[PDB]
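Listed below, chain by chain, are the residues.
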Amino acid sequence: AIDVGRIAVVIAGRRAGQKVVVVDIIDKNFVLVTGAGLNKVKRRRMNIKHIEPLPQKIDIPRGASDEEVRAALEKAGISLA
Amino acid sequence: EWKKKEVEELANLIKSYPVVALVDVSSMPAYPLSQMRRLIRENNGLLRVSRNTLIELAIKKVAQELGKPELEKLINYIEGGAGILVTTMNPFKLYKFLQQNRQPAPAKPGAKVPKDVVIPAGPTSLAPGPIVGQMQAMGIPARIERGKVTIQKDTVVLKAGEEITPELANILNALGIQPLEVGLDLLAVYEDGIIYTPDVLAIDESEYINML
Amino acid sequence: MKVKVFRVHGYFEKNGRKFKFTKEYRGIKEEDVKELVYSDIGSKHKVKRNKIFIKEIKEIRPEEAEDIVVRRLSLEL
Amino acid sequence: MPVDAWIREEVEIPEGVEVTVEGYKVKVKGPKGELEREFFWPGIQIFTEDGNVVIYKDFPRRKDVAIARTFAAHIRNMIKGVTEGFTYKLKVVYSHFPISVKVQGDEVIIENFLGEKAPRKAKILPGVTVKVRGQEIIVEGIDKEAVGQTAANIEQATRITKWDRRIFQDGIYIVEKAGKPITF
Amino acid sequence: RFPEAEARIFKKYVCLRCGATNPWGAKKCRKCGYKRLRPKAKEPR
Amino acid sequence: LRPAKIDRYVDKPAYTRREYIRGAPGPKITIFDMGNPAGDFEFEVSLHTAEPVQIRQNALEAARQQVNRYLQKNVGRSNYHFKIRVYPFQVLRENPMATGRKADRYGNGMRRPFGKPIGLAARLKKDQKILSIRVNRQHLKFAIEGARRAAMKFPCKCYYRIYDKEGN
Amino acid sequence: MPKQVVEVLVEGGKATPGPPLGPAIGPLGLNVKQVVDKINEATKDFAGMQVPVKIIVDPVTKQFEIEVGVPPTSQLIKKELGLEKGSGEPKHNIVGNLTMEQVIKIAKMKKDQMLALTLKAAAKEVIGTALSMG
RNA sequence: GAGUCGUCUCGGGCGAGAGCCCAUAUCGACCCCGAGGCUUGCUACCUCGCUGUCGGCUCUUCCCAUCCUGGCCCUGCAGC
RNA sequence: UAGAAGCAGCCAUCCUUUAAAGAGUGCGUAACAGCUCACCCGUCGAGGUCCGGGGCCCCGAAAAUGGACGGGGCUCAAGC
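Protein chains in written order, with the numbering used here: chain A, 8 to 88; chain B, 19 to 230; chain C, 877 to 953; chain D, 1026 to 1209; chain E, 48 to 92; chain F, 1020 to 1187; chain G, 1381 to 1514.
By construction, these hints were calculated from the structure, which means they are not laboratory data. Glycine is no exception: its CB is placed at the ideal position from the N, C-alpha and C atoms. It is possible that part of the hints are untrue.
Restricting the straight-line Cα-Cα distance to at most 35 Å, the calculated cross-link-like pairs of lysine-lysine (DSBU-like) are [said to hold, decoys possible]:
(1) A:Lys26 to C:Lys905
(2) C:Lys894 to F:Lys1092
(3) A:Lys49 to C:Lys924
(4) C:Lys924 to F:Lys1102
(5) G:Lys1424 to B:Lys111
(6) G:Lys1490 to B:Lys126
(7) B:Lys78 to B:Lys23
(8) E:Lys78 to D:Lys1054
(9) A:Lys49 to C:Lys894
(10) A:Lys35 to C:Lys894
(11) E:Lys75 to C:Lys920
(12) D:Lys1205 to B:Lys126
(13) D:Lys1082 to A:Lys49
(14) G:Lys1488 to G:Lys1424
(15) D:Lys1082 to B:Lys177
(16) D:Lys1057 to D:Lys1156
Just the calculated beta-carbon pair ranges, DEER-fashion [to be verified]:
(17) G:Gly1468 to C:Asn891: 53 to 61 Å
(18) F:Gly1095 to D:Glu1034: 49 to 57 Å
(19) D:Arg1191 to G:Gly1398: 36 to 44 Å
(20) F:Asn1127 to C:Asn891: 43 to 51 Å
(21) C:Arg893 to D:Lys1052: 42 to 50 Å
(22) B:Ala139 to G:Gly1392: 45 to 53 Å
(23) B:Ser143 to G:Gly1392: 46 to 54 Å
(24) A:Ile18 to D:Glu1034: 31 to 39 Å
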């Protein structure tokens, strides 16, 4: 599994919490997670910190920022979780 | 064997002569072709090299007006173990010239025969011996007359698409019959805006008078 | 929003002999590259990261690489 | 090590062959019979993307690629197996002895090999049919793997290495697999 | 004579080092140390 | 000549200086240069020693022979120049002992355990040139093979290998 | 090999041993006695040497015509140079070296035998033969 | 007895050369590297308020680098 | 030298003509032949063949009352 725009959650990382989305895939061993700062998500590197996919999928660009990663995340309705 | 040194030398060459042909130098020796290659010099032409640089009739065409290259043309007639033959000789002469000069070509044991192979009737000039026995075995009837071994009649020993058994090949070879071609088989000839194929180029002039 | 493939240039001394390396890894900051390079080199060549000398680290564009292997990998990210 | 990030290879499947996937387990059914295998290797998922079968793993390593292409080749043997089947033709060649090759039941028996009073037998598998016609015998069946095994079980039964190997050549040998093996 | 039978039997090469019967044109041995092996189990000419 | 188990070390000291000591052994090597002068070639291949050792006079003669023999036969002595630069100088020592058993020792601890001369050896450190052969690029493949054959008879090993100088 | 077949080598000007000639046979259609008279005459040199030749007879008319595996080029240099034997050691010893003019002449007649091309090519074909002693 | 392992046993590499042509079926110099502890030697660690010598006999266990037996590979393996 | 005809061996190893051609790779005769290669235009239409350092794991690696990394057992580790 794990492709871009597939919405995620974790039990580890900064918080944790918390729901996060894969916005770019760094290497074959690292992924870049970000989210809205409305859920107190910030950009960070991860390398499987229990990253488990949710059923949800949305469309974001390959290399993006939270106003365009915000915008799809919103209409899905998961910026409040 | 520099790129654009070697193509360049072919470049000037193709432009130099009215007639450019692609020929299968493959079927040959080396005795047929090295003698052919000398022959070709004596008969106002020369034969040449190059690997992708053979398909590169394109630069020469681009340099002039025509429609011999890869581009405008039909389907680059080029085949494996092809060579390029540039000459003053007319394409029909070129094809006939290639056909006459050749020696010789036996059919090879276990090989697929390119065309029907025939024997002519007459005495072999060979003495009686096991050789008679051999002819009968291959499918050629024979007898002793005038003290010599003779082939009874004309016959097609094998048809085209059929393999030649080794026994048949050896006997045919003994007889000095050489049905196969190991001259240069001509893939195609370009002259003055037209590409001529081997089927067009093969004219049996006498056959046309017979047909009528 | 930032990825970039970071072209590390350096040398390591092992047994008084000098190996070149250009190790291109993508992260988003130089600190990832530094940890990653000390770890990769040090694991495999069997050498500490106090005998690793980094000459340089230069980010180049991540639609580029100057190895076949790195570029081909990064085409999809 | 060849390096891609997918890493992904793709198997072209005709209209004659339908493939069904259930994890790592593959069943291939065409106009004639079915055949099942388990493809086992860590991290290689086989699934159907439209008409096309995809065999993939995230990570490229050298071991993986080899195994991945073997699985592609097993599919491919099924596509021409399940359509029309595989034929290998074999000859029983004898040095001295009229050597009697008969199928009695689900074993092939070869008798009178080297003047022997004893029967030789070799196992035939549930998808494979052995027909003998004179001293040609053709082994015929749905599957290449299976067909290849049955033929070779026959050969391994006639095996002789307890005497000279230039002056006893008694046995049934592979004239054909699917090409013609071989020139020395 | 020769051609199906003498192919599996005959035409093969053999390992100088360990005596293993290997294929007719393989570069390295199977198991015995990378030697460049010999032809053949001959005696016919 | 006892097996080499002392010619494999350099942690054993010097006792070279043949004039100084009473009793010195003969050589076994006489021939060291062969072929054409070394001014008629361009390229230089060496075999480089990666390990410190003492290399016996016997090993030097043997190794050179098996190598030079191969070069001579295939190439001819109209081409190549081959040199093994070293001369062995290090004198080698022996404790007297043989079978005699029973009440007899043989022996003996001391009562002069100090060497009678066995032989001579050449001291080879790290990055020395044990062999230098001179060749053209036609004659490359022969020089490498010959060097491989040398390396086994080297007391320890090589680890710098068959080296292209290139000819500077 | 070889095959002992119609090709056989007989030394210089001689003929009729039982043993090379009888078994090998050179038929005219008659016996060898005709062949004997041909072979010795052409080959006339004060010495003998193994001269490759071929004969053609199928048991029939049984007439023979032979070739001379010698006269090729190795003898041609012997007249012009004026030295009979070839050199025991090539490159090592050059017994003689033909001048350029003598080479052109050797090539000139040699043309039909040869596939030599222009006159330069022929000479080149000949020169390479010149160097080899033994 | 332990330690050691020059010697001893066995094993590996390289392959000069011979074997009809053919290094490697077989035979194998020069030289080089290992394993064992079964011969000898070195050692003096243990024992001189005595752990009784050899050989044999009798009785029993173990090791394989295997003489046969079984199952095998090569061959200059025709058969035997 | 019987023969040495590319192919016991020694030495020269050159020159012409070009898909291309080594005074020839192996087989084959003991030695003309025959099978064949390097080689080459060339079809399938690519990311390819080299060589050379390094880490690590494999072979090399057989022993004597019971074998053991302390033991168990461990294999994305409880290892390196």
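Each hint tested on the structure:
Proposed proximity of A:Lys26 and C:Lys905 is supported: the alpha carbons are some 24 Å apart, at most 35 Å. In summary, the hint linking C:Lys894 to F:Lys1092 is not supported, as the alpha carbons are separated by about 40 Å, beyond the 35 Å threshold. With a C-alpha separation of about 34 Å, the suggested pairing of A:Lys49 with C:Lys924 holds against the 35 Å cut-off. Pair hint C:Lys924 plus F:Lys1102 does not hold up; C-alpha atoms about 42 Å apart against a cutoff of 35 Å.
In summary, the hint linking G:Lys1424 to B:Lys111 is not supported, as the alpha carbons are separated by about 49 Å, beyond the 35 Å threshold. Pair hint G:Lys1490 plus B:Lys126 holds up; C-alpha atoms about 33 Å apart against a cutoff of 35 Å. This hinted pair checks out: B:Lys78 and B:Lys23 have alpha carbons roughly 14 Å apart, not beyond 35 Å. The straight-line distance between the Cα atoms of E:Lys78 and D:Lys1054 is roughly 40 Å, outside the 35 Å bound, and the hint therefore fails.
Note on A:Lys49 and C:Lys894: the hinted pairing is violated, with a Cα-Cα distance of about 42 Å set against a maximum of 35 Å. The hinted pair formed by A:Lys35 and C:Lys894 meets the criterion: a straight-line CA distance of about 30 Å does not exceed 35 Å. For the given pair, E:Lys75 sits about 29 Å from C:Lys920 by alpha-carbon distance, which is consistent with the 35 Å threshold. Taking the CA atoms of D:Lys1205 and B:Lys126, the gap is about 21 Å. The hint holds against a cut of 35 Å.
About 30 Å separates the Cα atoms of D:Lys1082 and A:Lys49, which keeps this hinted pair within 35 Å; it holds. Under the criterion of a C-alpha separation no larger than 35 Å, the hint pairing G:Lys1488 with G:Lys1424 is consistent with the structure, at around 24 Å. In summary, the hint linking D:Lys1082 to B:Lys177 is not supported, as the alpha carbons are separated by about 55 Å, beyond the 35 Å threshold. Straight-line distance between C-alpha atoms of D:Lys1057 and D:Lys1156 comes to about 19 Å, which keeps the hinted pair within the 35 Å bound.
Checking the proposed 53 to 61 Å range against G:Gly1468 and C:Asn891 shows it holds: the Cβ atoms sit about 59 Å from each other. Separated by about 55 Å at the C-beta atoms, F:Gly1095 and D:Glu1034 satisfy the suggested range of 49 to 57 Å. In this structure the hint that D:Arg1191 and G:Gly1398 lie 36 to 44 Å apart at CB holds, the actual value being about 40 Å. Checked against the given bound of 43 to 51 Å, the beta carbons of F:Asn1127 and C:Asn891, roughly 45 Å apart, stay inside it.
Restraint check, C:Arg893 to D:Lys1052: a C-beta distance of roughly 57 Å breaks the suggested window 42 to 50 Å. A hinted range of 45 to 53 Å holds for the C-beta pair B:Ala139 and G:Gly1392, which are about 47 Å apart. Range check, B:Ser143 to G:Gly1392: Cβ separation about 34 Å, and the 46 to 54 Å hint is violated. At about 35 Å, the beta-carbon gap between A:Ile18 and D:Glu1034 stays in the expected band of 31 to 39 Å.
Consistency with the previously given hints fails for numbers 2, 4, 5, 8, 9, 15, 21 and 23, ordered from lowest to highest.
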